[PDB]
Amino acid sequence: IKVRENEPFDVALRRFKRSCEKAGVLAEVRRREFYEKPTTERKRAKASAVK
Amino acid sequence: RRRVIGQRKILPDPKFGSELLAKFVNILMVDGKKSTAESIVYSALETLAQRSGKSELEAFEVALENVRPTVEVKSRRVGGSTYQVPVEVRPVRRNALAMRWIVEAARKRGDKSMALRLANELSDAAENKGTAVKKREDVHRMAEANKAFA
Amino acid sequence: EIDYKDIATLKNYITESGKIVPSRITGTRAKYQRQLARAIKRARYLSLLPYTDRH
Amino acid sequence: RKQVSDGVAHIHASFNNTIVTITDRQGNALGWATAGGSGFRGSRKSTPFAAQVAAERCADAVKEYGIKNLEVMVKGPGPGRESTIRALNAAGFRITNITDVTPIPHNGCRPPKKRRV
RNA sequence: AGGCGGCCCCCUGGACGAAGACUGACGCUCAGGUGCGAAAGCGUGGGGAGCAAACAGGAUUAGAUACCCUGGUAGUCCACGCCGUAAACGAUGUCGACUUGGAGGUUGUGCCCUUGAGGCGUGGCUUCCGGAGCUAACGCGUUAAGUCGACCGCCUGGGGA
RNA sequence: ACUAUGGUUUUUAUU
RNA sequence: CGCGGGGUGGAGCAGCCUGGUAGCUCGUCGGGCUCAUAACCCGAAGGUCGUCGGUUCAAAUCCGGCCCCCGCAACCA
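One line per chain: the protein sequences are A, B, C and D, in this order. Taking the UniProt record's numbering, I'd label the letters of the first sequence as residues 4 to 54. Taking the UniProt record's numbering, I'd label the letters of the second sequence as residues 3 to 152. Taking the UniProt record's numbering, I'd label the letters of the third sequence as residues 20 to 74. Taking the UniProt record's numbering, I'd label the letters of the fourth sequence as residues 13 to 129.
Hints in this document: simulated from the structure, not taken from any laboratory. Please note: incorrect hints may appear among the correct ones.
For the chain C half of the interface with chain D, some residues (derived, Cβ under 10 Å), not all of them [unchecked claim]:
| id | residue |
| --- | --- |
| 1 | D72 |
| 2 | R73 |
| 3 | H74 |
Straight-line C-alpha distance at most 30 Å; calculated DSSO-like pairs for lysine-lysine [as the list claims (entries may be wrong)]:
| id | chain 1 | residue 1 | chain 2 | residue 2 |
| --- | --- | --- | --- | --- |
| 4 | D | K87 | C | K30 |
| 5 | B | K11 | B | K56 |
| 6 | A | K5 | A | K25 |
| 7 | A | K5 | C | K30 |
| 8 | A | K46 | C | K60 |
| 9 | A | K54 | A | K25 |
| 10 | B | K76 | A | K25 |
| 11 | A | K49 | D | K126 |
| 12 | A | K46 | C | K50 |
| 13 | B | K25 | B | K131 |
| 14 | B | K25 | B | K110 |
| 15 | A | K5 | D | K87 |
| 16 | A | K54 | C | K50 |
| 17 | C | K60 | C | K30 |
| 18 | A | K49 | D | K125 |
| 19 | D | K126 | C | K60 |
We treat Cβ as the ideally placed atom computed from N, Cα and C, and that holds for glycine.
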C-alpha cells in the first residue's frame, strides 16, 4: 500500500522539467537520451520512470 | 509578450481625507474635463446623504459591498476547453469594477442630471434591481453550474 | 533444480502485492529466474503462496 | 419512512466514469448514482468533481434513510475509485473499512483493447 | 519452414555433449517426383457466452451506400477430409576455407568436495558495435553484401499483363 | 499530448 | 333505447387513502459559451383543469348531469 510511512499522503511527484501541465513533453528522444546529462542516474538503467 | 510595467496607485487627497474619495476626478470624468469633474467632488456625497444620511463610516458599507467583484471567469484552452474556469479575485479589486464596467443605458438614453448622478449610482448600488443586476449576479450561478474543471 | 514445496527462501523473490521481483533487480540470470517463476506458479497451486492482492 | 442508519457502499470506477450504489448488508439496494447521471456527458463525467457530485447525489437518495456511517466495496481500475471517497468524507460521511473486491478473470474473453492494428 | 507457452499423463521426433567403438570417400549441389500450412475458404456433424465480415438503425457532412456508434450472422474451437499459397522478411538460394578488435546472453563437460547471481579449458546455441574489404547510396562487416570458389532456380526498359 | 470532422482552383509562351 | 376510465397554456403526462401551492417537460422565442451546429448553461412567452352543477369562501384531489374519445352495427325490434 502507497508509502507505508506516517500521514495519509501519498502526494503527486514530478521528476522532469517543462513536462507537466505546460511546455511538455519527452524532450529526451530523436535521438538525445543522454548518457551524461542526468549524471550517475543513467549508469543503473535506461528505463526508470515507467518501468 | 514580455511587458512588466510598474502598477499605478493614487494617494489620499487632503481636501477629502481618504483614497476612496480621491478617485471621483476620474470615476464619472469625461472628455479629459478633469476640473469639470472636480466641480462636484464630495458635495455629491452630501447629496447622497440627502437620500440616506448615515455618516461616512456607513456611506459605502452596502453601496460597494453589494456590487464589488468576487470572481473572474472565461475559459483556458487545454483540450476540450468548452467550459469556464472560475477564480476568486485578489484584494486589489475590492473597490474596483462596480463604478466602471457598465454604460449600457448611460450612453443610450442618458443617466439623469450630472450633479445628482453619483448620489443616484451610490443609491442604485444599494437598491440592486433592474439595470446592472444580470452582469453581476450571473457569475453567482455560472460559478456553481460550470465548475467541474478548476 | 529449484524446489516448489518449500517457500522459506522463495518468498524473497515476490512483493506483498504478489508481483515477481524483476530480472535486473534479482540479477540472478535466466536459469534461476525461470525456475523461480515455475516454483511460484506451483507453490500457488499447492496453496503455500496466494495469487493476487484482491478480495 | 424511518431511518435505517447502516449500509454498505458499492463503488465501481472506469477510465471515464464512477458508479455508486448503497445497500443494506442483507444485499438490498436503497439508492444509486453515477458521475454521468450527476448531469455530465463526454469527458466532463471523468472529472474529480463529477466523482464528488456522484457521492452527494447518492447521499441525496438516502438522506431520509439516515445512513452516514458505512463500509466500502471497490471495483474497477478507474482513478475516480479514491476521488469519490476523499470527497464523500468532506460531504459529512464516516468510512469504517474499504475493501477492493475487483475480480480476476482467468482470461476467457480477449481483452477489449483489441486493437489489433 | 509454417509455427510452439494453463497443468498432468501415455507414445515420441529434432538438437547437442564426453569416452570407447564401427563403416569405408558412402562426401557438396537440385525443375518435375514425395511430404509439410498461417489465416480465411469447404463437405459432414456439433456449438454460441465474448467479439465481429455480411445486414440494419442513429448520427457526421454540402453529400456519406464509408469513418463514428448501438446491435448482429457466418467465422472462432473440435473430429475426419479437400485447399501448397503469406512482409512464410533479419526481402540476401545451398555448401565451404579464411581475415583485426571490443562486448551481451543461452547450454553440455571434467575438476575444487568451491567468497558467488562461482570459475577455467573445450564443444554447441545466439547477438551488438566496429577494423580491413565491398557498395550509386543505404547499408553489409567472420551468422560479411569481404576473399571468392562448386552447383542450382530465376532475369533482360516502361504502357498492355 | 490538449477538442472528432471539412472538398474544389482548365491544358497553356515558360524562364 | 346505455356504461366509466380519460379530458390539466400548442402536444404528451404527474398532481388524487390532507380540498387552495398550478407542475414535470417537449416545442416556440432570446441570450452566455467551443473551431462550429446541437448537447451544455442562463432565461422569456402562453393556462376559461372538457363544460355546467351538488356541498361551499372553496372541487385538479369527491360526486352528479351534459358532451367528446374508447376494442365495438350499444338496440333497430
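Hint by hint, which ones does this structure get wrong, listed from lowest number up? When the structure is compared with the hints, only number 8 turns out to be violated.
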